[PDB]
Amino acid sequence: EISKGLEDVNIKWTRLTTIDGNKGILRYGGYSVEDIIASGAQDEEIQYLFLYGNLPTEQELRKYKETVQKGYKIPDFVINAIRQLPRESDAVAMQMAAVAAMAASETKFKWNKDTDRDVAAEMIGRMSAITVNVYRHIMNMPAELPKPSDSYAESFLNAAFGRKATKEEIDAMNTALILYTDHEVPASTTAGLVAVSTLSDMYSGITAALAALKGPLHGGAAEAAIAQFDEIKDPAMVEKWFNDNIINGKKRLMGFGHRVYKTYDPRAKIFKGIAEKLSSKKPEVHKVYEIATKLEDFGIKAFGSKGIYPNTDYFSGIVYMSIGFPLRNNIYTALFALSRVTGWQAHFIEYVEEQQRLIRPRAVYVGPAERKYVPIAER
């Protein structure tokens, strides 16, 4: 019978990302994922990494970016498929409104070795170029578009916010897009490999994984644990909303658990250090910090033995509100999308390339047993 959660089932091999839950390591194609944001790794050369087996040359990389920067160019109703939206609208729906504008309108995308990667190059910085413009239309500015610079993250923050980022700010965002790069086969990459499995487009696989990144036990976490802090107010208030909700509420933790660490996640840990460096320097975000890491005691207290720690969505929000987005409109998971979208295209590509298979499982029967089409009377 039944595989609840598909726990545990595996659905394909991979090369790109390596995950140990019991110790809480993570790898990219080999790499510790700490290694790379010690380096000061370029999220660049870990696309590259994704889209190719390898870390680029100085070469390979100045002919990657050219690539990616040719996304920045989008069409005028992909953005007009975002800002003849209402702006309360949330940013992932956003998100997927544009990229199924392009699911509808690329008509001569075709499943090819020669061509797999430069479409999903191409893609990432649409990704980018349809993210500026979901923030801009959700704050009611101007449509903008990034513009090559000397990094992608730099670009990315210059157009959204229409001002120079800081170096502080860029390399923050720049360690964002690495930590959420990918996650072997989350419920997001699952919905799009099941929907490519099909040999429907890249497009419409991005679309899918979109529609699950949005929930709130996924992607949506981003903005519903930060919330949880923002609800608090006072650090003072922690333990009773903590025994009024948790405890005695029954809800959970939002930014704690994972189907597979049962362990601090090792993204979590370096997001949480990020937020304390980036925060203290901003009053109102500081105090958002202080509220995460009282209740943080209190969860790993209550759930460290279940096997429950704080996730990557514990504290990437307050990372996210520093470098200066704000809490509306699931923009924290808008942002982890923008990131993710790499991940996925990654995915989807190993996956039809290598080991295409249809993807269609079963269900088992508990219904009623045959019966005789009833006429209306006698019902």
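Heads up, when I say rigid core I mean the largest set of C-alphas that superpose within 1.5 Å between the two forms. Residue numbers count along the first chain shown, from 1. What changes on going to the form deposited in another entry:
- Among the candidates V238, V185, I124, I79, displacement between the two forms reaches 2 angstroms at the C-alpha for one position only, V238 (superposition on the rigid core).
- In this overlay on the rigid core, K262 has a C-alpha that sits less than 2 Å away from its partner position between the two forms.
- Fitting the two forms on the rigid core leaves the C-alpha of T115 displaced by under 2 angstroms between the two forms.
- Once the rigid core is overlaid between the two forms, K251 counts among the residues whose Cα shifts by 2 Å or more.
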Second form
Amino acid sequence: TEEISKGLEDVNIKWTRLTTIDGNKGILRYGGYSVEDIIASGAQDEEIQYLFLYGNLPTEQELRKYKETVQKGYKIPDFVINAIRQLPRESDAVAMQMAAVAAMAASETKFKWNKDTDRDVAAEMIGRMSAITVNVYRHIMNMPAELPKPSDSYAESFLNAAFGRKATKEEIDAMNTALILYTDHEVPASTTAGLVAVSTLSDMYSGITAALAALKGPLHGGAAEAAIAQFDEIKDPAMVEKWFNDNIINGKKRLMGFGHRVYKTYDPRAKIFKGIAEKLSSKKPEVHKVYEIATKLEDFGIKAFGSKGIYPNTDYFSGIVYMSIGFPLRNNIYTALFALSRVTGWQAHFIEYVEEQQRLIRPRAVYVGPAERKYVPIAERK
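Show the same protein again, this time as the form deposited in another entry rather than the form deposited in one PDB entry.
The text that comes after this line covers the one chain and nothing more.
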């Protein structure tokens, strides 16, 4: 054909069993389970990891064994840590993760796609992702290197290692929920770049490196940070209406954390993050104020844009949740926390692609360039 599939919009790149999105009803399901239902149940993030890799929820016995395999990933090579710590402290957190995974990809010379080993490799890698993200956070904050230790909770192991203090139940539960809510979202740009890479039968780690490279871009990563920076500009909940007039109605700025190219209604992840942000910010005065600004701005934005299908997305409230847990705005750390969660879905999609529907991804382009012409000696060129 001569038609261009701009943005590959509504091109189906694969079939999946993993995730469905109903952008008109605002329903997000992982293997048939609503994210609302998963969060209401108090499911551990590891159960949902298992769901993505195995296709069903685990028994208590299966979960115990699964957690052991993930925990193998908490031990990573010094050179992987150095791939982060040798970088400028001003580097984006996600580019740090990418530099680390890239080093790992080089070193994993015995990786081979195999139905008998893929899931164990992915599980251990989910552990490695926690180890890496801890050390990205530490480097950024000019703290010593640290690794996660085994615990009954992946969210707990992560937070304790990141901050070097004992996380509270409330902090652990909120991080657990964030990890579940960012687990997957079918085939966004990151998942797609990763699929192209593994479609050449490149290794899992290279697939993740490609996903990271996409996620870094501000049309994919960076949105939670941008929502926070917008609430910070407003500063005071009493000034929301004026700010909205002075910046949004007049078209000076885009409203951050609104709109989505699949959801034309409220993002179900945002609906869940809102309740959590309310609760976690409740007893932290400075964060409470950011929440109050967010909710007042939200009313204005929905009133202005709702009729056009433009509503809060997941990045509107996730920032307040991460801030409340204790992560800072700098270096796009929130986007690194996105990649931490999403490495489950990335790898589940890569496995599903290579194992069951493998085909090299090799599209075409429409040529609009010059007609055939003859090379002229440089001395003759004017």
